[PDB]
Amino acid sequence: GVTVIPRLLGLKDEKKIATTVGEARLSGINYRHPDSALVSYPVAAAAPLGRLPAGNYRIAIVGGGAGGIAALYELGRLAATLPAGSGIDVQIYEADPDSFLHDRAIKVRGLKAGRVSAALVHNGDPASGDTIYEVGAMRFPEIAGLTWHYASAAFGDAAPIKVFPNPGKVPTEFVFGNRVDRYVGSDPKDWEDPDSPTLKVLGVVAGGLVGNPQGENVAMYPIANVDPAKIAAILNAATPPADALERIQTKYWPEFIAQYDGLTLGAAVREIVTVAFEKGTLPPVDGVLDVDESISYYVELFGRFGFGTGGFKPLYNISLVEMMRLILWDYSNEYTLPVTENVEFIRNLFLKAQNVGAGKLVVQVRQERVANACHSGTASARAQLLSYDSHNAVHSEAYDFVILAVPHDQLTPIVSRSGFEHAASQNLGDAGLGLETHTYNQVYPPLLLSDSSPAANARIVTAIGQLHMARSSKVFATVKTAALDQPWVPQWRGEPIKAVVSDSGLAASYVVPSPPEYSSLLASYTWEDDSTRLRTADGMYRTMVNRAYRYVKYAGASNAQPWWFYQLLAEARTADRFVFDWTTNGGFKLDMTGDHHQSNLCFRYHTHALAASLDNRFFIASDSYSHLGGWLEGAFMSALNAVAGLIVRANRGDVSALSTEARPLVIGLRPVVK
């Protein structure tokens, strides 16, 4: 997802760096997000979420990504508490033929858990395996409590982790227009030019967006009349005051949303810069630029710099609300897991789910694509799924409960083609693909919010269908580690520059750890519009290298030469150059202005379980239905919601079936039903 570190500190000499799963798990155990400010999800997840009545349940999970697998794990924790004679049967549907779930020696590489997967690229060298480049989930914030919670389930607290060397955490070169900086962190003493305008605009914009944890409030967009930095401290507290979290949940965060959800991040940056320029805090850029040109230069300069770990420019259209969520979720470091491939995290969680079930959870995998979900009739197994196998044969199955653990663009066709009210019958399936249909009687929509309002039912489906997928592309290569020591590679702070943030088209480029003779280079990580500007792997790689072929003037040398980084990219080994272009080939929800109302409806959907007679058997579980798209943390939160709702539904609306700690997952939100 989007790395947002307001007050960037260099890694060198930074203290309190976590070295195990357990150490990271502790850092975010208390953090509560502002849309769910009554509950720490890691605390909710510390014990089984609640209790089910005695019975033999049949549940489906559609999707084997982080969402579906965390939901499975929570169902295992529940299963274990059932009495003798009782248990849960789960059918997990996963259409992806390369899913870890369908893997039947040596460990098979390159398996997927949805958007957690690595590309396996031939390198030539027979003494090594294939080169591995992670194309989805890569690194995990210290504050990601629920993620580290599940990592402990998967690997144990003792398992070692390594720090991720982001841009700005290590010596970095930044290039925007005519401006060049070399830097680490945000202390002027660690900038090659301590008087840099980049450092000046960083201070102004971080000050205006985040403000200060102590003393006077200096931020432009307060929450509860104070700086966001002060609110973040409350949300992260082990033991905040009576009613403080309630008031954030019901008053002050909704008031911030009401005021600022129609304001983009780029618009907010410009408002801050304009005030600082008028105040004289930001000086004219030089003796030539007019007022608007100066302000615009600073806005764009900030745009490419961000907070120092890569630019926010391509994210300028996101709502200030969405940016503010990330600002509140404050951290200094991200870490990698002790795995060869990150799919191992989700696979280990799947295996652990079965373990914690204590024999009361039985799982069966189906290599089938779900085409339709609906309710049929009013009896006990009223949740229907219509699916197709690898031979395109149709299958229909009925369940007590279903968790739809697929992101929004994949969920749409499953939930939107059965209308919005009761129907005497429907012939469902993929008729346009020429596939067999199946007739269902007394059909109700799957995402059933009302027995009397088709508009209510339409709202959830139309909301899902209009969420925004943020897109990104990555270009990977492998370079001799010694290349970083060529005489033409500059050094800063006693180290070769290994990270580059630039307006060249590459956006962000850096050496990535090996979870050595060779080093992995993320030659380009581009977001949104930056991912389509340049529109054989080596051929495509050369087009990117050609963008780096630019003359760069440095304050040192009187004659500009081709950028050194061009020469570094050209040192990349030829065999294992790899382009992950989303438009030829990974997207996650990131909210635009006005999108809160759609994403938050999804977030709260599981509260339908409070309405007993509605008897809706479908829950949703994905980072698409969270307020942290682009992070496993969001997928995991949504799965925790889904299973908390399922428990309440199983108990006919009785919230006392949830644990004391889990209860606010449902009752701490505005319900979606009367």
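We call the rigid core whatever largest set of C-alpha positions still superposes within 1.5 Å between the two forms. Residue numbers count along the first chain shown, from 1. Compared with the form deposited in another entry:
- Only one of 348, 416, 309, 294 has its Cα shifted by 2 Å or more between these two forms after fitting on the core, and that residue is 309.
- Positional change of residue 238 between these two forms stays under 2 Å at the C-alpha, relative to the superposed core.
- Relative to the superposed rigid core, residue 331 undergoes a CA displacement of at least 2 Å between these two forms.
- The two forms, fitted on the rigid core, differ between these two forms by 2 Å or more at the CA of residue 125.
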Second form
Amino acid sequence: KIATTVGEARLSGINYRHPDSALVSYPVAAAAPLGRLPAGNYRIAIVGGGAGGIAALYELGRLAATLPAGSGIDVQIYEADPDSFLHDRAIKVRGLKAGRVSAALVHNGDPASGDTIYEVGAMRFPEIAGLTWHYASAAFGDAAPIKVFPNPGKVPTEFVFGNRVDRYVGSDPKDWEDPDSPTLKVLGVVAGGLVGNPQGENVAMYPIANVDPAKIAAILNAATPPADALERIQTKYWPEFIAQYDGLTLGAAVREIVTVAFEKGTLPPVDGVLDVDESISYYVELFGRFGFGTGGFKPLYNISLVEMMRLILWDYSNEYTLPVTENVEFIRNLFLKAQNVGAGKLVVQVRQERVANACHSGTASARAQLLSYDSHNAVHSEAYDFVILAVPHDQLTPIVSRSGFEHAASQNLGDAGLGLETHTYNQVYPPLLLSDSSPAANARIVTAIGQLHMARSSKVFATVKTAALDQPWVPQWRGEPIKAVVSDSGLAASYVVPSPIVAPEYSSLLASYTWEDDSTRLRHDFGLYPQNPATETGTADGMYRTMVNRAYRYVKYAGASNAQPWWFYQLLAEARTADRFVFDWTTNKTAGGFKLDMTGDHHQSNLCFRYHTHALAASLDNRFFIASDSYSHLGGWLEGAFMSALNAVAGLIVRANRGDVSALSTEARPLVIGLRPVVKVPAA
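Since the structure above is the form deposited in one PDB entry, I would like to see how the form deposited in another entry looks, so please show that one next.
Coming up is the bare chain, nothing alongside it.
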């Protein structure tokens, strides 16, 4: 039942269909090349060399290999990040980034003999992330081993909220230090209320198709679901869940569930002195700090219930590591495999340039324009047949929003406010061209992108000897030291992760992984932005001491009368002086870590998710596709970036075939036709 290889994870999730694309398993669609292109020699640009852009590249290689003699695809990949792996063909980061897949290598002067790795971005991958594991198999093979990520509850964990302390492993009470814990009670209440039961009675508060989510998850994951079941989910039942609940936050939902349980007596008054509302609030906040298996979701309480429900259906917390020293190896290997699978019909060149503007212009064959700046701030303009914009929403905004919403006789585009050189384009149309005649349609896509919510996030890391965990001052529970700490100290979630360079002498002390307001509260103490140290040889000692100081709290435990400073203070202070670190995604050019939808945001994110369906309108000469987790219903996951890349390439095939969906494979067609179109066109 635990997956032990890439192939086992891949096979586990191969059928799973997400509710906003319920007609299609993306892994099934991706089993063969997505479609066919007319003969020709294509000039394509990919803006961004992260997971989205590289998966797009790989699918373009699969397509290229199918082209006849004399045909081919040329791809220019634009990648502005100087630390990208694409430009590399104490704490080191150079060459160890693929966007938000980002490693920091801790070493003593020889990077080939390092101590540990900090996974600064992506680090844990759901078992049923079928497209993720599909690409991991391309990158590593099915035989490559994987491990269970040491999430709270997967390893012995300490939880602290207010006066409550718990030590536990799992959800079986036998393995909680307090089997009567209120934390375990509230967790069961909120799980019953949100997830419900896969068999028998329906007990969940927010049904889908009148039944518990657990039952719908099993349909969505079935190899061969009943006839019409996926269509009815896609067109009726999931839309009706959205209509009902997209205006309800996660935090509001938690409070509704707790309120009913408190009224029923499942959750008792917290002590004899708290009033009703106080007890209810206590339980909401207690559950908020505890979470669903990856730490407290209190900071995520403003997300739509719809967003949480996507994660529930997907069983998101059951996660694994990759068969790597650094997660960037996945994206690097996928980039290499893209070129291999092209069979010499795909040519790729990397540009170390920042794209500033996209548009359609002129009357030549290649009308999709990109304006960029190189490392010396010199301007470059290039025209393409098709472009895939593989950057998240805040980075996309300046590229697509500054050219207006209709034809312009001429525009002098570029970063004029920076004093950089502009380029005159003539007969200009916006890049995200939904209409030849409606500025509002063109404005809807741009304004949607610009108002998506990028969740704030930060990670504080240090290096510690793994043997520190064996000290008598580190609690043991069920035979192992505590290695995960979820707390209301300001640190939020902390992990002591064994080094993957190897038991290893060293561990990565992920002292704090924060989201949203938890991250905001820390940010004044980071010192340098987005990274401290900014240099390879420095150490963020001052910053880290502010984190240790947040752990300098007197914590009362049931096992001792005289409360003492929290043991975790001591553990954080056991980290070595060198190689103390923070990265703040919020002050990175991404303007945060990843998209999470607020109430109402579905209307914006789903427009982005469906945008590639513009290809159905043959009379609309739109050459631009988008590919990022920002344009998915899995912001915060490689799976979302990969799904958006698949959408982008499917749309590109349809556009290249001048609206003919038959150019898509049987299994890939639903990537376009299973969604509500963004342009109205005739039936069939």
